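Presented as C-alpha cells, the chain that follows is alone, the form deposited without this ligand.
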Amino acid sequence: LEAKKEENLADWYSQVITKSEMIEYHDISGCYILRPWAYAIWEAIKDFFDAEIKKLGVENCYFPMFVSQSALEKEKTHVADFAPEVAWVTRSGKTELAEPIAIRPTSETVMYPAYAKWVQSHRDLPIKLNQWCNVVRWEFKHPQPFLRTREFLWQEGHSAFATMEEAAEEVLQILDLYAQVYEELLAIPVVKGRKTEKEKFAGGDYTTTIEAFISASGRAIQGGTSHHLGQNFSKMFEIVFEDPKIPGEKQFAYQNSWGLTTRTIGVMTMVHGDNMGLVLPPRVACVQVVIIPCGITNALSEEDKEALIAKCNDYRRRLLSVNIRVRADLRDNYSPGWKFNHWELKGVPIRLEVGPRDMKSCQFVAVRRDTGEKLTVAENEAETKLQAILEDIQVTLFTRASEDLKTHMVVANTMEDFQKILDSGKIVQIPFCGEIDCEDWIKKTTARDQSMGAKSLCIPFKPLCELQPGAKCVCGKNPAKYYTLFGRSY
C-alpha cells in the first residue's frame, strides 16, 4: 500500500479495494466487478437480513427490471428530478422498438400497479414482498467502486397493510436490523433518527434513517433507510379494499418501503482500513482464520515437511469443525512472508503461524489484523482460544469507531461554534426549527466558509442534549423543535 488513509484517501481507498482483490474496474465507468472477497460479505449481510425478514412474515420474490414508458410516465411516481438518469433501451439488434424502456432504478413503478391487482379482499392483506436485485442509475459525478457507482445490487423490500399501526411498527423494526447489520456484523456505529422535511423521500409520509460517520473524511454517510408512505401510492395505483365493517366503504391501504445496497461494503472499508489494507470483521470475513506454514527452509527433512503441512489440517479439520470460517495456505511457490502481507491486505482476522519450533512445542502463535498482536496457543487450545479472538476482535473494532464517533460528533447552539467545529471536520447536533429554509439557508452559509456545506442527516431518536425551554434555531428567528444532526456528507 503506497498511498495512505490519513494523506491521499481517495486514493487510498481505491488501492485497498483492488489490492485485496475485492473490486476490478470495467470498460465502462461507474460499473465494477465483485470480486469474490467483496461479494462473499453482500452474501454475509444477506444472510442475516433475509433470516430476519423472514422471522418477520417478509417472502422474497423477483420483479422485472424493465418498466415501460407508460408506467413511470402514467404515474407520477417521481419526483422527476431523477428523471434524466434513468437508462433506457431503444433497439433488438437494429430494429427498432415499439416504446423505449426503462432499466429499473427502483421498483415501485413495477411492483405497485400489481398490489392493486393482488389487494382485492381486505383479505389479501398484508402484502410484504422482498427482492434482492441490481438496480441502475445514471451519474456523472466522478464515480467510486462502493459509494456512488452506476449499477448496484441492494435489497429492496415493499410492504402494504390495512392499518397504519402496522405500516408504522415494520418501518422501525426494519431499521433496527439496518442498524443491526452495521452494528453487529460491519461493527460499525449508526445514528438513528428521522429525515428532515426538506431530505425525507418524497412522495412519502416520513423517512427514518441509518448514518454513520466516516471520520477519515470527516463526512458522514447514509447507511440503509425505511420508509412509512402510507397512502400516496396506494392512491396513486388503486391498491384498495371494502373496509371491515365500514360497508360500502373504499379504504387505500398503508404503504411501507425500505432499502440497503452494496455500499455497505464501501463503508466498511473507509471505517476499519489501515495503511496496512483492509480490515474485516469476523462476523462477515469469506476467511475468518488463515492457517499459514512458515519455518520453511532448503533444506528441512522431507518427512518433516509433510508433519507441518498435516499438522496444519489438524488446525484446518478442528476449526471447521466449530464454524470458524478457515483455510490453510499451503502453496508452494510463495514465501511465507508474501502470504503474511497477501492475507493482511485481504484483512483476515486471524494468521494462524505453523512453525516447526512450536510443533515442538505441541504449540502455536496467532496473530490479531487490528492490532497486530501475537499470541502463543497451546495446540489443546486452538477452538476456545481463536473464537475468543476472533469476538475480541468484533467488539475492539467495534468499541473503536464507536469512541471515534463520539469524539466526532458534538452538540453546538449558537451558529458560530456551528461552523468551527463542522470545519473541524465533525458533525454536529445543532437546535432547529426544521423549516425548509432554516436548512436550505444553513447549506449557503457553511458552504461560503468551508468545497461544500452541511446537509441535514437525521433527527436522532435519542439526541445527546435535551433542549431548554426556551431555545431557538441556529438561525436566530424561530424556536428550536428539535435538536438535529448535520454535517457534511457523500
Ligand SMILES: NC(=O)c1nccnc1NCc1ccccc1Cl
Given for the second form:
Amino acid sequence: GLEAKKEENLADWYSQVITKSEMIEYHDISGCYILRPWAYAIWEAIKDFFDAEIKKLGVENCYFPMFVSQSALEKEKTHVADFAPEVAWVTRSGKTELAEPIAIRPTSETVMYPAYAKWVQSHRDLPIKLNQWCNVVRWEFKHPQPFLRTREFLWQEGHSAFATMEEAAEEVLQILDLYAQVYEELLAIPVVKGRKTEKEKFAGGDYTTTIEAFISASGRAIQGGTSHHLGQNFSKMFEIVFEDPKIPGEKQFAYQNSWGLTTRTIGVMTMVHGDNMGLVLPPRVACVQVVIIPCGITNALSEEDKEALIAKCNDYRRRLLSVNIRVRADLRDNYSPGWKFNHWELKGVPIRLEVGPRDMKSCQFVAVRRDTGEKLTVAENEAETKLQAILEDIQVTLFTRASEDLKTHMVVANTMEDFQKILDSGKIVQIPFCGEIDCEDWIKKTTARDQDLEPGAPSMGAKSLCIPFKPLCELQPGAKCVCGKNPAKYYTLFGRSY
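Moving on from the form deposited without this ligand, please list the structure of the form solved in complex with this ligand.
Below: the lone chain, stripped of partners and molecules.
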C-alpha cells in the first residue's frame, strides 16, 4: 500500500507515488532520474498526440546535434546571458583536454539557426517548420524534483521561421492551444492561457505565451508549456535573410517562433490526480486502461477448471482489444490476487476487471474504478460498451474535479493586503499589475516577507505566472497597480510556483 498522505507531507508522498507506481528510479547524479516504462508510456502517449497535430500544421521532425560551439551559443546576447550559468560544458575526451570547450544544449536555438540561414536564400525556402524530440540539460540553481524540475529532461522543441509576422503570430496561438489540449484533453488538467510578463519572458524573444496549471496540494502553480514569438532577434544575429519580391534588393529578416513541452507534464498529472492510494492515470494516457485479474483460484479448482478461468480472462482481453481498449491480462501465477489489486492501484490503472469462478458461471464480472473505488457488477455481454463508458466517465470527472478545484482557488484581489492574505491561504491571485520588472521583484520580496504559513512551511514569495488572455474581471479605467505608484496595465496571475 501507500504510507504517506498527500495532504500532510507532500514531498515524500510524491516520492513514494513515483516509485511504488514504478515510474521513477533514482540516479547517483542529482537532478537526473530514470523514466521507467510506466512513466515513459505516458510520454509516448503525449508524443503520439502532439506529433499528429503539428504535422497537420506542416511541421516535420528532425534531430540536431546536442553540442554547441561557443561562438554559436553567444550570437544572441540576451539569450546566452540568461542561460550561461546553467550550461554544462564538455572540456575533455578521455584524458585529453579539448582545445575549445563545447556546450551541451539547454535549448537548440543557437544550434539550428545557423542551418536555417544556410537553407533560406529565396522566399520559396520559407516557411521552415521543424520539430525535434530530444534531451536537453539545464544545470539550474534550483531544487531538483522528479518530472517537475530536473537537470536533464526530455522535451519537444519546435522552431518555425516565416516571411511575415502575421504567419508567426498565428502559429504561436495554434501551438499554445495544442499544449492546452495535451493538459485538458489527455491529462484532464485545466490550464490558464496567458502571456508572460517582461521579467519572466524568454530571453531573446518579443513575447512568450504560456499555460499555467495549479497544484492544490501545495497551493503552487506550475508552467505546463510555452510558445515564444522570437520576432527577428535571432534572424538578425544568425543572418536568416531573404529578399521579398515586393521590396526590391533589401535584406528581409525572417520572423521566428519556438515552442516547447517537457516531461514535466507527467509530474503535474501526478500532483493533480494522485491520491493516498497512489497514482491515478487519466484513461486517455493510461498505458493500461483495463487490467484483468483472475480471482478465486483456490487449490480445490481442477487444472482444467483453472484453465477455463484463464481462457475467460483472455476472452475479455481480446474483446477489449477489438474495440481499441488498451487492456493487460495479469495471468501471472506467481503473485497473489491482492498483490495484483494493490500493484495496479498504485500504478493508477483506471479500471480493474475481476473474474472469479462464480461470476463466470453467472455470466458476469466485477469492474472497480480507480478514481472512486466504486465496484460494479456488469453482465458478460455488456463488457465492451460498459467499460468504454466508465473509461470516458473517469476522464470527465478527473477534469471536472480538477476544474472545480481550479475555479475555487484562483480569485481576484486589488490591494496588496488582500493579495497577501489570499496568497497565504494556498491560492493563486489575479491582481492589477503595472507590468514592470522592479515592481514584480518587490512583490516577490514582500510576499515572502509578510508570509504567514503553517509551522514548518518554508519562506516562498509569489512570482508572476501569466497575463491571462481572458482574465476574471475587467480592469476599471485608471485603476492603479497593487504598488500604488504606477498605473495598472493588465490583470496578472500571481502566486507561488514550482
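Between two forms, the rigid core is defined as the largest C-alpha subset superposing within 1.5 Å. Residue numbers count along the first chain shown, from 1.
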Query - Single mover in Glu238, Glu139, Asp417, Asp124, with Cα shift of 2 Å or more between the two forms when the core is superposed - result: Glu139
Query - CA of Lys76, rigid core aligned, shift of 2 Å or more between the two forms - result: yes
